[PDB]
Amino acid sequence: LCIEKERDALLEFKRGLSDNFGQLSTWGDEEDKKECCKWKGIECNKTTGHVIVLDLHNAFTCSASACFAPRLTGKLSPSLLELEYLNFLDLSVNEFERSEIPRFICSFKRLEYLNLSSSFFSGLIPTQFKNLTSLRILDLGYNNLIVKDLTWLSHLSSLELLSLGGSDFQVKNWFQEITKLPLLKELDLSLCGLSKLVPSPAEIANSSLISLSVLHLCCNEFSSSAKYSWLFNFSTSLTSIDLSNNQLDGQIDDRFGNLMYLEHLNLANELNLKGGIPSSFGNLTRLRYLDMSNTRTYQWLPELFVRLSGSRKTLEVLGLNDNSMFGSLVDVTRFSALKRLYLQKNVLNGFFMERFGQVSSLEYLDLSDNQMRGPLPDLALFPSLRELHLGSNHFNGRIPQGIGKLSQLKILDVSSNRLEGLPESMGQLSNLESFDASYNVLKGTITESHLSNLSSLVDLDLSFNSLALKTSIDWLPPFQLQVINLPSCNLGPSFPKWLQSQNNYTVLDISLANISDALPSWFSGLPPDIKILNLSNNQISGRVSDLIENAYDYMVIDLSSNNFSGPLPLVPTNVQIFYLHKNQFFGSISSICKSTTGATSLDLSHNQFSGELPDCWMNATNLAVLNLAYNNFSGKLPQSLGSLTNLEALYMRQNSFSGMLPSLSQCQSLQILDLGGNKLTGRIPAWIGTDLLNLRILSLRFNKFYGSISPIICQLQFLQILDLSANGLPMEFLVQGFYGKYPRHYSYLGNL
Amino acid sequence: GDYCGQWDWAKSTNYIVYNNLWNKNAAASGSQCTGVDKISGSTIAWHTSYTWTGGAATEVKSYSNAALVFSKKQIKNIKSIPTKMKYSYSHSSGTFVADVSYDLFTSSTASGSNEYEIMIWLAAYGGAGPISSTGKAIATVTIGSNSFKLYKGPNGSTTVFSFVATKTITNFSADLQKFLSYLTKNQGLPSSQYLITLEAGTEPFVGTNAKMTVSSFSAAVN
Ligand SMILES: *[C@@H]1O[C@H](CO)[C@@H](O[C@@H]2O[C@H](CO)[C@@H](O[C@@H]3O[C@H](CO[C@H]4O[C@H](CO[C@H]5O[C@H](CO)[C@@H](O)[C@H](O)[C@@H]5O[C@H]5O[C@H](CO)[C@@H](O)[C@H](O)[C@@H]5O)[C@@H](O)[C@H](O[C@H]5O[C@H](CO)[C@@H](O)[C@H](O)[C@@H]5O[C@H]5O[C@H](CO)[C@@H](O)[C@H](O)[C@@H]5O)[C@@H]4O)[C@@H](O)[C@H](O[C@H]4O[C@H](CO)[C@@H](O)[C@H](O)[C@@H]4O[C@H]4O[C@H](CO)[C@@H](O)[C@H](O)[C@@H]4O)[C@@H]3O)[C@H](O)[C@H]2NC(C)=O)[C@H](O)[C@H]1NC(C)=O
Ligand SMILES: *[C@@H]1O[C@H](CO)[C@@H](O[C@@H]2O[C@H](CO)[C@@H](O[C@@H]3O[C@H](CO[C@H]4O[C@H](CO[C@H]5O[C@H](CO)[C@@H](O)[C@H](O)[C@@H]5O)[C@@H](O)[C@H](O)[C@@H]4O)[C@@H](O)[C@H](O[C@H]4O[C@H](CO)[C@@H](O)[C@H](O)[C@@H]4O[C@H]4O[C@H](CO)[C@@H](O)[C@H](O)[C@@H]4O)[C@@H]3O)[C@H](O)[C@H]2NC(C)=O)[C@H](O)[C@H]1NC(C)=O
Ligand SMILES: *[C@@H]1O[C@H](CO)[C@@H](O[C@@H]2O[C@H](CO)[C@@H](O[C@@H]3O[C@H](CO)[C@@H](O)[C@H](O)[C@@H]3O)[C@H](O)[C@H]2NC(C)=O)[C@H](O)[C@H]1NC(C)=O
Ligand SMILES: *[C@@H]1O[C@H](CO)[C@@H](O[C@@H]2O[C@H](CO)[C@@H](O)[C@H](O)[C@H]2NC(C)=O)[C@H](O)[C@H]1NC(C)=O
Ligand SMILES: *[C@@H]1O[C@H](CO)[C@@H](O[C@@H]2O[C@H](CO)[C@@H](O)[C@H](O)[C@H]2NC(C)=O)[C@H](O)[C@H]1NC(C)=O
Ligand SMILES: *[C@@H]1O[C@H](CO)[C@@H](O[C@@H]2O[C@H](CO)[C@@H](O)[C@H](O)[C@H]2NC(C)=O)[C@H](O)[C@H]1NC(C)=O
Ligand SMILES: *[C@@H]1O[C@H](CO)[C@@H](O[C@@H]2O[C@H](CO)[C@@H](O)[C@H](O)[C@H]2NC(C)=O)[C@H](O)[C@H]1NC(C)=O
Ligand SMILES: *[C@@H]1O[C@H](CO)[C@@H](O)[C@H](O)[C@H]1NC(C)=O
Ligand SMILES: *[C@@H]1O[C@H](CO)[C@@H](O)[C@H](O)[C@H]1NC(C)=O
Ligand SMILES: *[C@@H]1O[C@H](CO)[C@@H](O)[C@H](O)[C@H]1NC(C)=O
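Protein chains in written order, with the entry's author numbering: chain C, 29 to 757, 780 to 802; chain A, 20 to 241.
Looking at chain A on its own, in the form it has when it is part of the complex:
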């Protein structure tokens, strides 16, 4: 059942689907109401729907997320972070700005303040793009038949690495350990960082009568 509370959640076995309107009061005069549809072992299914218009349209408004709870394990000692995702997205009229992204974080300690953030954007609409200190990609990488452009920039203390798919992906699947290890070898993330949170959702900036449907979101840390 769909539920509209600001910080409401729904623990679901392996995955927790938080709805955060962590930025509702952006003068965006609107409402968002999320909700889980199906459960099927490793694969979950969910949706949201929203209408954020006006106020501050430079900003994100919410990150409904599908999250994993897992044995927090060091980046060195992950063999595989397999995942897949299938969705389709529906909107109306004009000024539709938003993205669809994974969000991973890392800290020194299993329970520490987020120090690194890894976003992997499957879709960018309307002019929505990742925090970049330059405006321009540090590098372009190809992983498992997907081509990604990497941006890096600062969210206060967190260093946010963001991969952007050149092909706006409606059917993603990959090993996020390849992404994590690419960063460790090449950009400079320490392998000693502990992987803390895995999230996958959408960040809306503006939109009207929107609705995301997730056919599946399998994900793991092995």
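Looking at chain C on its own, in the form it has when it is part of the complex:
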């Protein structure tokens, strides 16, 4: 069906642009690419072969704090005039030469859809746009163009949609010039500086009274009903109004309720919509989407539901999140088409009751970071939930045995509530990806039926609860979980057997469980990319020298408070905090820093360690918390300690250290330095008062320091504790990759 001149043209057009990522790879003069209409972004008329559709529009994907777009970064070539009959040209979200809109585009005379939005087209519209009389829909939004004369518009009578958002809009009288269009259903003027340009009552009188249906006015600095009052002249026939991000400080005009067909209203991210929706909202009848997020509307919730009762049956999405809305949540089931309701981060202090005797169709519900109390309702009434957010409240009771009826449920967050137990019926969810019921007051034993039939689980979080989790001995779980936080839960007297079967996890927190056997032999084949292993505070045994694997890019290893034994496991290469305290290790620590390590905090205290400290601490410069206290250590303090450019706390109490104290001049920043019971001798040196200006605790008790005291120690003046007996003379560190981009800050100062 393909026409020759058109491929030739399309190919020369491609020759200018640099696709770089593809998109235009399927374009060529090749025999294999010989029908141009089966190419990406071209569609041809079925009978006449002339191309009718060209869209190189590109969306963009957002990851983390950044979002990315494959922009075309090319030159836009006039050979396209040869296409002759295209009703659709879309070059959205592409960067060309960030230049004038090319005038040849106006020389088409058969266009109906021109979308150049969200590119970088700059300068100002060519007046030649008045020649494009055939244009039904124009989008030129979110470019860098200035708009001072709107004269051409009068000629495009055919328009039914015009976006001029994101302009240097400086036109005194758009009202006249925009009412000149007989069929404009939709207008976008967002970020056009509309507030500076206010339609006069007079200019509104000399106007065409168009039947306008959808309006976008976001990003205009209105702040009062005045600069947007012109809107209500289309009261006859409106459906959407987007007045989001307007610094709106005032009560909403009761006019909105009066509009008969309003079905979509976004007033989100305002300054102060004092109160909230008025009583005229009871007259709205059909409505579908309301958004007063981040408006500080202080309104009683069920009176809002009264004032939306005009639309029990039409309202689909209600977004009242991050506001000061008080009250209780009663009979949300009455809203039969409500699918999304977002009430998080309000001031609600009441019960989640629902007694209507009807069933809701809520798929997404968020009542987090409130003050709510009372028990949950029978969730069997809310079967369509895909994600149920309820954290940071004060709910109580057990979780209802009807939660087992939530099949489409993927996410459940009931953290930081005072709930008291789990039903077996949530061994039926099978789509529950992430289940977090941490910091509650749950009591009881969780059997394998509790977690039966839940194949799609990847996050389990039951932290700091009064709970127990014992499976049957020969139970095989249907789930492999990347995140496993089960602190303060007794998982079995025996090391939980079910973890032999999990091989995809990357963060293991089994701490404060009651466990007492030796480390099983199978557990050595622990997944190769674990970043957080917290086995501490148990009675686990085995010599972990050969029972842990090394350099797996650890991030947090805490093996403290156990009955582990042996010599120190050789420290993995990329770990940052490595805690071995409160165990039965012994031997040299001559292996610590033979290999380079970036650990920022290691704690080796309360062991049976011995020997002379190796002189390799420049192979671990990154330490800021060193804790060797409460071990039997004999030897000179290694001069390598001078190599700790940042060290915040140095714990050396209760060793048998002898000799003089080594040069610590270069470790200018430190806050804690105790060497108690260390049997160390020499004069108290000058650099404690001289280079170590930073300092808060200094303990040199029960040593052998000969010589007099320098008075210069009075020049620190932030030192809070000084103890130098029996001699004869707000702090923390960071783990960097913890939360992805964001570091984590850990506190280590404790008993003062």
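The reader is advised that the hints may include incorrect statements.
Stated by the list, open to error - Derived DSSO-like pairs (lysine-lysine); straight-line CA-CA distance at most 27 Å:
#1 C:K438 / C:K373
#2 A:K186 / C:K224
#3 A:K197 / A:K103
#4 A:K95 / C:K302
#5 A:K43 / C:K622
#6 A:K155 / C:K200
The set of hints was computed from the structure by calculation and includes no laboratory data.
Given chain C's structure and the hints, the job is docking chain A with the ligands onto it.
For chain A with the ligands alone, kept in the frame of chain C given last:
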């Protein structure tokens, strides 16, 4: 001296220049090696260099940053957050995607989880752009001879405000208190938030044989 470790750093008096390849394993088959050149009182000088190619090119790979440690002070009680920056940047071949940005954060408590994030991008290349829930700017602001477009979007719990320079700036200087206070008056950041971290570096998405040179990075909280 330049150093290639994933979470390596280098405390330097007033400023700490962290290198974070916090996203190295993005299947991006490459390496990055950062490093400090000069110290001169309030002004520092540093560089990095990298070659991240392929895998996930939708993603950031690293944020080598120049950071301030300061008396964490409430937004209300900052008179001036003066800063300046001068750099030039060198790359080769094709598919160079990356940005150059400041990154500030705020929380309720002096030691709290990041609640607000303020990015101020001096440069956007190859299609790199800030997280935006809309794809479109909430507003355009002008500060100290620079024109900025503001985007806002969610990074999990953090609310990320991002200013993008219309002029890709190779010589920035300004008072970031004007930016912080603009947000407090107009978009809705509480003045009670505590300013936590000030960082300035680059986020690369793809690139080959790249090297940034920072002639100076003076910065303060007074
Ligand atoms: C000229 O060219 C221009 C340049 O392209 C054209 O401009 C484009 O027009 C398109 C329309 O033609 C636009 O496409 C539509 O986008 C909307 C955007 O809203 C949604 O996404 C926003 C960002 O989140 C998504 O984005 C990224 C990238 O994909 C993802 O990383 C995210 O994960 C997320 O993806 C989610 O969405 C899918 C969709 O189902 C899910 O299934 C996924 O699992 C993901 O979770 C965001 O703004 C919206 O979210 C709001 O609410 C969220 C929670 O609900 C909250 O997190 C957000 O922060 C935001 O919250 C705000 O509101 C809440 C209340 O809701 C408040 O509480 C809060 O305070 C905030 O105020 C939303 O997620 C999108 O909805 C559309 O999707 C429909 O249509 C497309 C096809 O067109 C399908 O692909 C969709 O699946 C869906 O299709 C059917 O399904 C719908 C029901 O699910 C149904 O209702 C539909 O009608 C349909 O039947 C489109 O994706 C495009 O954005 C726009 N681009 C630009 C740059 O302008 C221009 O049109 C053109 N000119 C012309 C044509 O004249
Ligand atoms: C490997 O695992 C082990 C064990 O899992 C880790 O070691 C543990 O780490 C835990 C986390 O740090 C830590 O728990 C925190 O302890 C802090 C200090 O506790 C003080 O307050 C409690 C009050 O508890 C009492 O009430 C509760 C509730 O009924 C009871 O359950 C208790 O039994 C008590 O009756 C006192 O008892 C203590 O004596 C101290 O005075 C707590 O502050 C902290 O709680 C904070 O976070 C909670 C998160 O949900 C939150 O609920 C709580 O309100 C606290 O809120 C904090 O954050 C907010 C916001 O900034 C702030 O305003 C608050 O002021 C507060 O800072 C935790 O409870 C364990 O104690 C600790 N165990 C050991 C042996 O050390 C180990 O760290 C880990 N390995 C690594 C490397 O991390
Ligand atoms: C919700 O809608 C009702 C009905 O539209 C509103 O009440 C009605 O308001 C109209 C105003 O135009 C009244 O109609 C006219 O009133 C004048 C006197 O003002 C009268 O002379 C005319 O003959 C005509 O009736 C109408 O009487 C009134 N009440 C009805 C219809 O029962 C109401 O104001 C809206 N609610 C809110 C909160 O605004
Ligand atoms: C595709 O091309 C055909 C003809 O090449 C178009 O058909 C004409 O359609 C109009 C209105 O439907 C009629 O008045 C003409 O009589 C038709 N002509 C012929 C020869 O059939 C058709 O509309 C085109 N469609 C598109 C989408 O381009
Ligand atoms: C816009 O439309 C008018 C109307 O057709 C065009 O003006 C014509 O220009 C040609 C050029 O030689 C003349 O022969 C006609 O007599 C003109 N007609 C009228 C009514 O003035 C104008 O050229 C068009 N602009 C573009 C860029 O095509
Ligand atoms: C094992 O865990 C990894 C992640 O640590 C899973 O990998 C990703 O899973 C998400 C889930 O939707 C996908 O979107 C990604 O495409 C996956 N990426 C990679 C590189 O695999 C992985 O699927 C898990 N495997 C099993 C069998 O559970
Ligand atoms: C600091 O770490 C380096 C490794 O980065 C150690 O160097 C290795 O030493 C062994 C024998 O001791 C040699 O066989 C290797 O060839 C060396 N490797 C490298 C890369 O140099 C070094 O010994 C450590 N320093 C101290 C004082 O322990
Ligand atoms: C326009 O709106 C004002 C106030 O809303 C009203 O007084 C005026 O008569 C309206 N004109 C038309 C034609 O609707
Ligand atoms: C899971 O539950 C469903 C519903 O009763 C049932 O069809 C299925 O066989 C169950 N599977 C197992 C392994 O119990
Ligand atoms: C262990 O320390 C004690 C003092 O705390 C000391 O008496 C004993 O000799 C030490 N063990 C040695 C030196 O082997």
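Evaluated hints:
In summary, the hint linking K438 (chain C) to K373 (chain C) is supported, as the alpha carbons are separated by about 22 Å, within the 27 Å threshold. Of the pairs offered as hints, the one joining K186 (chain A) and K224 (chain C) holds, with about 25 Å between alpha carbons and a cut-off of 27 Å not exceeded. This hinted pair checks out: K197 (chain A) and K103 (chain A) have alpha carbons roughly 14 Å apart, not beyond 27 Å. Annotation: proposed proximity of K95 (chain A) to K302 (chain C) holds, straight-line Cα distance about 24 Å (limit 27 Å).
Distance check on the hinted pair: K43 (chain A) and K622 (chain C) sit about 26 Å apart at the alpha-carbon level, within 27 Å; holds. Taking the CA atoms of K155 (chain A) and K200 (chain C), the gap is about 24 Å. The hint holds against a cut of 27 Å.
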